[PDB]
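Residue-level listing of the chains:
2 protein chains.
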Amino acid sequence: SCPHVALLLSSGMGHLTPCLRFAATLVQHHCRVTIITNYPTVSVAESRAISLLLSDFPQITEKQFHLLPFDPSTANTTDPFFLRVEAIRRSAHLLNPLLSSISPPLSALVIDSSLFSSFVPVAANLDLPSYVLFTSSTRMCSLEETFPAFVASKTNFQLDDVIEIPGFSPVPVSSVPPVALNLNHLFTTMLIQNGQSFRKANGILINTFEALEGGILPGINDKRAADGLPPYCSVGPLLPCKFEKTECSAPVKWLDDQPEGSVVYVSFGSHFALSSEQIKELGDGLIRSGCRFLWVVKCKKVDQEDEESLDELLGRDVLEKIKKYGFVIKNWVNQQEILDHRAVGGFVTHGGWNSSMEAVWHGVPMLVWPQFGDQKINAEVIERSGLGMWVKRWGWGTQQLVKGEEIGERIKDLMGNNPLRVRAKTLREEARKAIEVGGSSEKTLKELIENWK
Amino acid sequence: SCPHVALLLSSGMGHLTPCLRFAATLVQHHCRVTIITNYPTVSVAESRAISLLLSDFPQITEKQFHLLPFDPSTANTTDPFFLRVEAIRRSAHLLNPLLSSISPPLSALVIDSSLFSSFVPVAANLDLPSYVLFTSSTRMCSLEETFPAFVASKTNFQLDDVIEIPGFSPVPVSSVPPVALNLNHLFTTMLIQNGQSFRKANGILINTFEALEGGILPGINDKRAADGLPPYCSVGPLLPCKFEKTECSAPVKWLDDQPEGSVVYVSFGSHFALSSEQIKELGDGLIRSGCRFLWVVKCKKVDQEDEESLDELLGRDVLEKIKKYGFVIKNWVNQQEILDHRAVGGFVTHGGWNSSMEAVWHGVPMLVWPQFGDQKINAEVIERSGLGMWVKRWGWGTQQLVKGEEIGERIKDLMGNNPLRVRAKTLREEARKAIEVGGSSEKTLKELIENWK
Ligand SMILES: O=c1ccn([C@@H]2O[C@H](COP(=O)(O)OP(=O)(O)O)[C@@H](O)[C@H]2O)c(=O)[nH]1
Ligand SMILES: O=c1ccn([C@@H]2O[C@H](COP(=O)(O)OP(=O)(O)O)[C@@H](O)[C@H]2O)c(=O)[nH]1
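Residue numbers (the entry's author numbering), protein chains in the order written: chain B, 9 to 165, 169 to 464; chain A, 9 to 165, 169 to 464.
Think of the hints as simulated: they come from the structure by calculation, not from any bench. Be a bit skeptical, because a hint or two may be false.
[To be verified] Keeping only pairs whose Cα atoms sit at most 27 Å apart, straight-line, the calculated DSSO-like set for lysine-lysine is:
hint, chain 1, residue 1, chain 2, residue 2
1, B, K464, A, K464
2, B, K464, A, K457
3, B, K256, A, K253
4, A, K454, B, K71
5, B, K253, A, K253
6, B, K256, A, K264
7, A, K264, B, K71
8, A, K444, B, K71
9, B, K457, A, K264
10, A, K414, A, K332
11, A, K71, B, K454
12, B, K71, A, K457
13, A, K264, A, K253
14, B, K457, A, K464
15, A, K71, B, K464
One chain only, chain B, in its complex shape:
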């Protein structure tokens, strides 16, 4: 009796990363796994990740969801990931026969959150227990669920008031994703409809553990069952795969020739790329901070289109000036393996929940510097844990520039902030004890498989 579970992927490495890690988890919990992929992906990272998963897990089946011919002329955004997600959403009627041909019979269809609204009827008509795979924080989930009612209660958008979130601290509209302020954006409509659609699920999966939220979960859950709402299933932290660990990289070699806790890791996810001026000021601040640093740089959103050098950005002598203090790279790195390194002492991040949870798992203090979307929300969550700190004065990264002096002076604070480390240890141990036998995530996930059965 090994249950068969199918996964519905969208696009974006931020959504793609926890998917495969969850699939590997189910596989390592005696379940049969089929992933529903769609090509061609926006970024190469996605394809390579899929290929790696299928290579290290031959018992995982891949079914290509052939999409409809897409017309980008009717989507009010130029972000290729949102576009791809929409392209998948507008062919929801085509997943159904694809879902039918799957043998043995499925026991659960786990859909990416960004695709839920379009694809929750497909699971409903096939009598399959549908699950929301939420690739972000819990507070952000309650935010997405409460947001439609909020936009409903208003005639039109709206100072910096507060939208009431059940179970969590209220959310200032400064924390609400900037692109969701105008109601005509594709991501806005998607967010609203999906947020409305989450209640049509049999359970919501969130990459988290009960000790991280503050022990506020088991109350919220049976406070939701009274309303007839799907339970917040804590299955995190989702462990990194066995192929995400290449002990013989180039950044690792450098990291091994540095003292411990003295290197600041800086990476703003995979989707985002800083402006030129912000990059220059960031380098300046890095040099000023007086600390060692590993710096991951992007100049274009899609990695398949980022082919300019920092010689063409910063200049030649600037980059030649910065590389002597630390390590500068404009390539893909393995965040998990780097954050696990003993040398790394802190993480300057955008606040992406994947990188955040990766830092929580490896016990590394964070300086949250939001850029867009759910990040600010996450920035509070992290700060309520005691693992990270964030400068509210910096606001959004896409909206406000920060000059090098402040950057260096705050990094100097990050490398000297000891309670963040003392909290990092205990939190890493709690996170590890959460997935072990008799943990929060273990009992939750086992309770999930038990109903499948």
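Since chain B is already given, all that's left is putting chain A with the ligands on it; use the hints.
Below, chain A with the ligands alone, put in the same frame as chain B:
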């Protein structure tokens, strides 16, 4: 449905390795796998490999079989592996409560060839399809089955005649494990009692593929069905795991700067350790040959006891002289990855079946130098395959010393041997096609899972 299979292990690395790789393949074929381990292992590599397997495969449940207190005073051997196996066998009446507590219910109990005689009464008592995991050659299996009859026929041990083998070429007593020539020996009685109990199994798992035996296996199998005998289930080549290829190893870097097919690999497994005079003469022959080489060395049998250096044995100005010609190492290496390397041309082997099958899978010519045990059998099996070669004049390693001149002159022949290369290509392809869908071992293994069901 996912058939819950159990595995039972013994001492030795040559026994442990195929158990683990087979458990891995089973897990990759939708079968729930439990492994039954016993500690402390004699060698460290066993523990390390077990931990690696359990780390990469958290779905593989581990069950420790707590053995009885063991008095080695009544055994007639000082070999720790044999003593370990025995120590396991004397606690056979305890695997029953161990097996009873296994959830979910079992579909099969795969047992090791050196443990069958003691533990197949258990399975039968629980009505469990018992299977022999045979870590050696098919012809060796037929030898172990035919042996007790041959020793019952004699009044007392005995020139160099032949002991007939049904389906294969005959076996001279010069090619029979020299320690089995005396009948009181613990390993001899173990051999006899095991080869007698193989018939009670529902099958005999073997690490080989039909195209290797010359396509002589089905004719033997339906001639075994007529005799009411379990079938020789060929499920090879049992593919190496994902944790056996560390791309950033010490000697792989060395090989990376060597011309392809120019390097002689030289190793005699884990268990065995050459003499002092033969290590010296081998070091002489490696230089005398004229070929680059990667020589792994063991001065003691158990790795956990070989702390002495080669400076003590060979000498300072001798080892320093040899390292100039080729890579010398007295430590555990990654044999599969080395044989996989482009720079490797051949393989001076002892004749162990794991090493042999790895060399087959990576298609590398072999110079078999039988040291003991079942290595002359396998020396013939491989010589007839057209992949390797073995000089009969050298005899047993533990009996006859081969001086440097002969070793070098014969290694030169090994390197200059083209038919072994062509047959290496063709045999490696035939080895790959057997585990692919529709291949011999694929149909076999699938049939085995099918019956479970
Ligand atoms: O250079 C990089 C940049 C990104 N990541 C991975 O990308 C993920 C970041 O995803 P997240 O959702 O947190 O940020 P996003 O880019 O989606 O906004 C992390 O898991 C990292 O492992 C990486 O491995 N190397
Ligand atoms: O230095 C070494 C020596 C041995 N092996 C492994 O040990 C096995 C050899 O076992 P075999 O049965 O062929 O020889 P024996 O058991 O007699 O030692 C092979 O799979 C190798 O991968 C290894 O990895 N490194």
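Cross-check of the supplied hints:
A threshold of 27 Å between alpha carbons decides the hint, and for B/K464 with A/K464 the separation of about 18 Å falls inside it, so the pair holds. Restraint check for B/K464 and A/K457: satisfied, since their Cα atoms lie roughly 25 Å apart, inside the 27 Å limit. Pair hint B/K256 plus A/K253 holds up; C-alpha atoms about 12 Å apart against a cutoff of 27 Å. Under the criterion of a C-alpha separation no larger than 27 Å, the hint pairing A/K454 with B/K71 is consistent with the structure, at around 24 Å.
For the suggested pair B/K253 and A/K253, the alpha carbons sit about 9 Å apart, so the restraint of at most 27 Å is met. Pair hint B/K256 plus A/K264 holds up; C-alpha atoms about 19 Å apart against a cutoff of 27 Å. Using a Cα cut-off of 27 Å, the hinted pair A/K264 and B/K71 is violated, with the two alpha carbons roughly 39 Å apart. In summary, the hint linking A/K444 to B/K71 is supported, as the alpha carbons are separated by about 25 Å, within the 27 Å threshold.
For the hint pairing B/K457 with A/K264, the CA-to-CA distance comes to about 44 Å; that exceeds 27 Å, so the pair is violated. Distance check on the hinted pair: A/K414 and A/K332 sit about 18 Å apart at the alpha-carbon level, within 27 Å; holds. Restraint check: the Cα-Cα separation between A/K71 and B/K454 comes to about 21 Å, which is no more than 27 Å; the hinted pair holds. Distance check on the hinted pair: B/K71 and A/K457 sit about 22 Å apart at the alpha-carbon level, within 27 Å; holds.
Taken as a hint, the A/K264 and A/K253 pair is honoured in the structure, with Cα atoms around 19 Å apart against an allowance of 27 Å. Distance restraint check for B/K457 and A/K464: the Cα-Cα separation of roughly 24 Å lies within the 27 Å cut-off, and the hinted pair is therefore satisfied. Among the hinted pairs, A/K71 with B/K464 is consistent with the structure: their alpha-carbon atoms are about 24 Å apart, no more than 27 Å.
When each numbered hint is compared with the structure, violations occur for hints 7 and 9.
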